Every structure is written in C-alpha cells, then in structure tokens.
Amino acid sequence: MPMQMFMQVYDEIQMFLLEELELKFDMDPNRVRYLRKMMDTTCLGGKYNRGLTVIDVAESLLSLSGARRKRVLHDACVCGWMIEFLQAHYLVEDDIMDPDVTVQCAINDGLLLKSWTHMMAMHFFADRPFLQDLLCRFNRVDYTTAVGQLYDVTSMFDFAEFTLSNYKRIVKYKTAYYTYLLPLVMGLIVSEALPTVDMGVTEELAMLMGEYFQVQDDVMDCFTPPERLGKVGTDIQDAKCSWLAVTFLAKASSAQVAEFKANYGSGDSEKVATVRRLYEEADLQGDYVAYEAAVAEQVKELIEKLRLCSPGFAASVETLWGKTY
C-alpha cells in the first residue's frame, strides 16, 4: 500500500496547487486545465523510484523508533512528490537543450514545476519545525545538480578530464545527490531522525549506488539496442565522459587511443561502430562485471556499519539498493 497512498496524495497536492491558482492567482479555467494536463504529463508515468524511497524510509523509522504516524507518512508522500516534480523539472530542461510558442511553454513548464516544489512544501509543512531545514537541503541539492550538469556538459571543453576520479565527480553531483541521497535524507527529516544516522556512511552509500547506476547506464547506452534500452544510445556521438570512455583510455594502446580520438564524438554511423568495435576488442564488458561487483560489495558492507547505530534505516537503504541492483 505505499503506492496507492502516493498516488492519492498526488491528487491532494494537485488539487491545492490548481485551486490556489484559481483563487489567489486569478487564473482562468482554460489555463487551469492546461496546467492540469501538463502536470499529469510530466510528473506521471515514471517508476516513482525517488518518491517511493521517502515513504519506505519514513515507514521504517516510525515502526522501529498515534496521530504522529499519520502525519509523518503524509509528509513523506509530499516530499516524495517534491522530488518527482523536481525530476519532471530536470526532464523538461533536457528537452529544451535538444515567436516559438512551444519553446516558451516548455521553458515556462520547467519554472512552474520547480516552483511547485516550493509551493507544496510551504503549504503542507507550514507548521512543521523542519520546513526551513527541508528547503535549505532541497535547494542545496538542486544547486548541486546544476553544478554537476556543468561538469558533465563541459567534460570535453575548457580528453584531459576523461579520468575515473572526475567521472565519479560528475556522477556525484549530476546524479548521486538528488537521486539517492536526497530521498533518503527527506525520509529522515519527516521522521525527525536526521541526527540519529551517520551522514558519512549515508553519503558514501549514495555515491556508490549512483556510481553503480551510472556505469550500468553507460554500458546500456552503448551496447543495448534501441528497442531494448527504451531510447537511442547517444553517448558516443555526444562525446560524453562515460565509464566506457575513461576505462578504455586506461587500457588502450597508443594507436587505439588515436583511433578512439579520431572516431569519438562523431555522428557517423560507422565511426560510432568503430568506437563500439574498440570497446568490444578491449573486453570492457568483462571489466564492467568486475567493477560492478566491487561496488556492490562496498554497498553490502557499508550498509552493515550503518545498521550498528541505525538498524531500521539500513533496511530502507537496502531496499533502495535492490532497485538499482
């Protein structure tokens, strides 16, 4: 029953936001329905992985610590939709990168989605003692993601930054903080059990799980065909600082690097095929198995350190880890 409640609080959040526009913001029904359709389009359809993690962390900490239960579980669902709305905000900003009225509405949609995370928090948490701390940690993670997108975009402008340490810097800020650390931290806040956990182990686990997720995502972007991946792999044509690129450059010959540099970042189908040819011949999908196994072991062990002082919290972090593993 965590999903059926998550979808039920969505109707409660959407009803407040649209009524507030109708009553306080002088909005007409035509635009209200236009915003209802836009909100449903961008925020619904996904797996709600980030949003459901907030609920799982919250329900684990109240059971393993009367009216306080109903409030904490409700606050968790609101935090779950804050992240999901924030994810819809990031998705809309991606479509802009790739009198034009459809581009005006797209830019405006991204602003409203971002502001809607503030409006639902300022309303449902107005009398909560954590509203200020929630907005600060939320904005800091949002700022963190924007910095990570700067690292990722300029990863080939200023192959010097094609290193494993810089790759983990990109994964840390672009993905890890808002996908893995933010849902866990929000579950701790609404459960009022933030100081009871070791934030170092928690932060370290979030970096490893985002690292495990991004490497797996990079290999799928290259080797998985389009209809099986759900999209078209574009990392090679985009010259992205992928795990395959930084691992190839470390174990390639002097010419294989030259052939890589002469083919990486091109849109030609056969240059991209030449890059996949180089990836295949270096046995990178064998190092990928070993690299992921080492990460998964660091995850299994860092979960155990956290359960010494946070027994129930580790159960939720272990549940989230299974979704990526």
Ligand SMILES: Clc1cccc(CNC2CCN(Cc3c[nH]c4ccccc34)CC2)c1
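Residue numbers count along the first chain shown, from 1. Just so we're on the same page, rigid core means the largest C-alpha set that superposes within 1.5 Å between forms. Residues that one form lacks are left out of the comparison. What changes on going to the form deposited with the named molecule bound:
- Compared between these two forms on the core, the listed residues 252, 106, 229, 146 keep their C-alpha shifts below 2 Å, save 229.
- After superposition on the rigid core, the stretches of at least three consecutive residues with Cα shifts of 2 Å or more between these two forms are 63 to 65, 228 to 230.
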Second form
There are 2 protein chains.
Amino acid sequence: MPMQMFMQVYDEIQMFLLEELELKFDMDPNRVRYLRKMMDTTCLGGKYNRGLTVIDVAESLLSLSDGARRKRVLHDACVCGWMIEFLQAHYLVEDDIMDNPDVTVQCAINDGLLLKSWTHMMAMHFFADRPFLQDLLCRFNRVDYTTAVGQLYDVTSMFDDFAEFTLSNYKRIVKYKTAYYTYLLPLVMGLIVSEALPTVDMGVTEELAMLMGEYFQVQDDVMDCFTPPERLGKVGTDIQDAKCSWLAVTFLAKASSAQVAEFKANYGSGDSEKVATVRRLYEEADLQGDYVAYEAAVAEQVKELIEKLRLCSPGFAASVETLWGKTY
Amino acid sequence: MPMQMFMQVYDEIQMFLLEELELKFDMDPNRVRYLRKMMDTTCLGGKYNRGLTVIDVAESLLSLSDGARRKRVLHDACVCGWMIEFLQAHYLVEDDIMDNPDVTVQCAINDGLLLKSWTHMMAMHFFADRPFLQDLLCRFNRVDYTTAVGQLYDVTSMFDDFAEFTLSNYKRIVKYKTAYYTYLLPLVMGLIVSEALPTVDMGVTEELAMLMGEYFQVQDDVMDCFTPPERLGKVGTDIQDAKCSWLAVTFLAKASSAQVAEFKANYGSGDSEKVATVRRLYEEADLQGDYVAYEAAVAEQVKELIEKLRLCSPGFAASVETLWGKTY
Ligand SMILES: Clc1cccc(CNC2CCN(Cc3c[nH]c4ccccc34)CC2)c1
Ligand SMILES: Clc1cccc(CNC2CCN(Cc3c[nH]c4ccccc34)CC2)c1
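With the form deposited without the named molecule already on screen, would you show the form deposited with the named molecule bound?
Following is the full complex, with the preceding chain placed first.
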C-alpha cells in the first residue's frame, strides 16, 4: 500500500517543480513538458527501495511516544524518499555520461544538475517551516559528498597496482560509494521526520548500514561475474574495468604466487579469453565456498546488532529488519 | 590589497577541506595531494572578479551603521567569495566535459561533484554558528538552479528553428545563465555577511545585475565573432555552435528577407567559408554601429539605477559602481 501514497506524492512534487519553473523561472511550455518527460524517464521505473525505506521507518516510529502529526510525518517521509530517488537518478545520469556540439551530452550534464537541484528545491518548499530543515539539508549534503568521495576511491582503486586490493579498502569503497546513501541515509531521514534522531544509538545504526551495504556488494560483485549475460540480468564488466571487487580481493589472499601472476596478467582487459581465464581462476580457487561463509558471517552480525538496537529503539529495529529482509 | 587576504583565506579553506578528508573521510595521502593539485588547477588562475566583489561590498557596508565584528565580516566575505569561485570552477569543469573506461572523464565528473560539494562544506563549517547560514545556503542553491535552468535555455536555443532568436529570449538566457551568479550573487553575499540584506531595494539591485550582465554578454558575443583568434584572445565558436548571440538576434531584425535566408543557410556550420559568410553579413549590416549605441544606452540605464540605489543604500551603490567599472 505505501507505493500508492509514494506515487501520489511524486505527482505533487512534480507539479510543484514544473509550475515553479513556469511561474517563477520564465519557462516556456515546450521545455516544461521536456522536463516532465526527463523527470519520469530518470526517476521512475526502479524498485524505490531507498524511498520506501523512509516511509517504513516513519510509520514504525508512530508506535513509540493519531492526529495532525501523523498525516504530516507520512507526507514528510514520502518527500524525503523522493529526495533519495532523485539523488539516485542524478548519480545514474552522471554514470551514463561515463558510457564511452553533442546535444545528448549537453542535456545529460544539464539533467544531472537539475535532478540534484530538485532535491534541494523540494526540501526547501515542503519542509520550509520545519525545525529539522537545516539538519536534514546538512546530513543529505554530507552523504552526497561522501558518495563523491566513494566514487573517487572506486574509480582510482586500480591506480596510484593491486596494493589497494584489500578487504579493508574494499570496505572503504563500499561504505562511502554505496552504504551511506543506500542504507544509512533512508534510515536517518525516517528518524529526522519522526523527530526521533537522538533516541537511537547512531554507532549500531551506522555499523548495521555498513554491514548491509557490504552484504549487498559482495552478492552484487559475485553476480557481476557469474550471473549469465541477458539470460539472468545485465552486462557485468568488473573484470574488464579492473574493479576492486570482493572476488578479486578474496582471490588474491587465497591464490598461489603463480596464480596471482596469472590473475595480474589477465585482469583489466576487454579481451573475452582473458575475462574467461579470470572466471576459471575464481572457480578453481573455490571462491563460491568462501562467498557462502562470508555472507553467512555478515548475516549473523546483522541479526545480532538489530537486537542491541531493539533494547533502546524497538520500533526502529523492526524497520531495520524489513530493510535487511529486502537485501537478504 | 584584498587579493592577499583572499589568497590567505584560500590556504585556510584548502587546509580545512583536505584535513577533513584525511581525518573524517579516511583519505590516503596520495588522494589528498591529488585533490590539492585539482583544487589549485580548477580554482586558481582567473581574475577572481566574483570573489573580490563580495569583499568590496562588505568593506563598503562597514561605513554605514572597528571591533570584533569587522574582522569576522571581512573573513566571511572571503569564504563567500571562494564559494562563488569554486561554483565557477564546478561550471568550468562541467563545460570541459562537453569538449567533444576513460579515467580523465571519470575524474572530471568526480571533480565537478567535489567542487560543488566543497561550496556546501566550507559554508557549513565557517558559518556554522551564523544566523544567516540557512538563508545563505537557500539563496546560493537557488542561484545554482537558476544557472542550470539558464544552461537549458542556452543549449536548446537553436532547438524545439530561429523562433527563439529574439532580444527578450536573449535577455532570458543572459539573466539565468550568467547575470544571477556573476552579478547578483556576489552582491547579495556581500549584503548577507554584513547583515544588511533588508536595507536595500532588491528590485533596483536585480535590475542592475541583469543590465550589467546584458552589457557584458553583448560585448563578449561581439568579441567571440570579431576578436582575432589567438592574436587577441581565445577560440570563438558561437557561429559554428549556432548560439543565440546578440549579433544573431540584431542581424535578424535588420536584415532583408534574402539576407535572412542567406544567414539561415550559413549559420551553425563548422565550415570556414560559411562562418566567414556570416561575419561578412554582420559587417555589411553595420551591426558595429548598433553595438556602440546598444551598449551606450545600457550604460546610461546602469548609471541612473545606481543613483536610485544611492538614495537609500549609499555605501552599497559605490561597491555596485566599482563592479560596473570592471565591466565597462
Ligand atoms: Cl561499491 C563497489 C565496491 C567495489 C567494486 C564495485 C564494483 N561494482 C559492480 C558494479 C556492477 N554490478 C551490478 C551488476 C552488473 N551485472 C550484474 C548482474 C547481476 C546482478 C548485478 C549486476 C555490481 C558490482 C562496487
Ligand atoms: Cl549568456 C549567452 C547568451 C547567448 C549566447 C551566448 C554565447 N556565449 C559566447 C561564449 C563564448 N564567448 C567568450 C569568448 C570566446 N572567444 C572570445 C574572444 C574574446 C573575448 C571573449 C570570447 C562569449 C560569448 C551566451
């Protein structure tokens, strides 16, 4: 059911943004319609996992001490959810510019800029009189900066060659690039709108967000290599791109000197046979044995930290449980 | 003299940003040094016109009702100045991405993102306890959105063909794309730090910013066409790019049906002879006569509006005069 509410609030945000351009920024109808279409193309289609997490946190926090406050909290949760979905839309556009007087490139750069600006525009309007507006803006922008920093860690992982191919550096990339905006931010925004931010142990929450991010990334990295092409997914290019993947860092700790030498000579190449040699190396190293156990250990840690969180924040722990269920 | 202070505050901002990454964001020395170099390459070298304008406004507002407040206002003026210089650095990087697993493109996208995030990071830190922080952030982000909107008006001026080649649409592009962040924003930030924002007629100020922007753009457009290549400047491509320039909109209102037809068949082409045909058309249409008079009329309007501003905001009008002197 929260999906119907989330989509209704999208119509409300879209109409505000588009009317603001038409009425305050001198926008002609042709450009307004172009922006409506661009917003729909970039912001709709996904699973809305980050957005829906905000809704789920707010409704759980109504249980622990209905009226005029309830309606407001749920509406606020939906606007916050769209801020994260538009920020995600902004990141995807920026990633698509990497797919390599070109009007498509000009428009993609511009779309990226507008989608980011729209997160600030919708916040400043819908939360104009809220006392949490300043803290919300500063936490949102710090997470956005964290993601850009995470992107630098990722993009330069193979540059200065395999010195940064460690589990602790893998965890640094995961934390900054994905965990903060995908797991921590939706949870924090749900706490902000509910005015229940100081009532939770931030340490355990951050640790849970980082762990769920790490669980998801290991699974994503494994699927990037072994999940069949357009049969069971999308195009996996981590091997070709020489990414600091969980498979790569685990292989380097389990491989012999000669196998490491063989991995180094075949990794980071577009050549089909070199990619296949890497896949054969992962298979022969019994990394799928290690994958199962790594994930199971992380899962045990997640399940344990939710219990510590439940002792002082019960309603919140059940929303952290449903977010985890979506990952597990 | 304000340049020495502006550069000293740059060292202070740079060290804060870089140390924050090292101490709070787990950044390794190699990446910290890479970011120091990138910040220097993108933020230094220019004339610092936008940045220095903030300093000049604040020092003028100390004259109208020294102590602990003076030192603070001038430091605040310098941080605001660097926010605009870094935002300008962000726009230039974004424009350079338009110059068309590429690590240069990955890094340019990332640099763009970091430079924008740095404007928010330096503001949230240096103005942490200031009551103007929320208003400053919202005005800065609205000007940033305005610039992205201006970029859409510019990039699509020749698309939907010459229906948008009007003086009023030219003025719309100038206002949003350049006037708000180059003229209005430095003036507004100097007012914010001086806590003198409601003491000025915003209407006359906005009008002055738009007029100074329009004066500058007309001169810039004329130079883009007639200023010799690397002899007296840089590479001018408005004709090839089919830009909605002042020369193009003025020519279309002064040209005969056959000349308009000749302009339409030769505009927006990379071919050297078609560009030369356009230059010949501008020369033959005596647009240089019109240019002199257009600028002189705008100058008279600027000089008149400063007087209306001086009646209620005297110190401010003299800083608006020096900003104008830099343009004229
Ligand atoms: Cl955070 C981090 C840290 C270190 C390295 C990386 C590398 N990132 C790749 C990016 C592409 N895949 C997604 C994907 C592609 N093909 C699939 C098939 C099936 C399912 C998912 C996919 C995820 C892993 C990320
Ligand atoms: Cl805002 C707006 C509105 C409509 C159209 C435009 C077109 N913009 C061009 C951009 C490039 N030039 C700068 C430049 C290039 N060569 C030179 C030689 C000498 C001096 C300056 C230059 C400015 C004009 C902008």
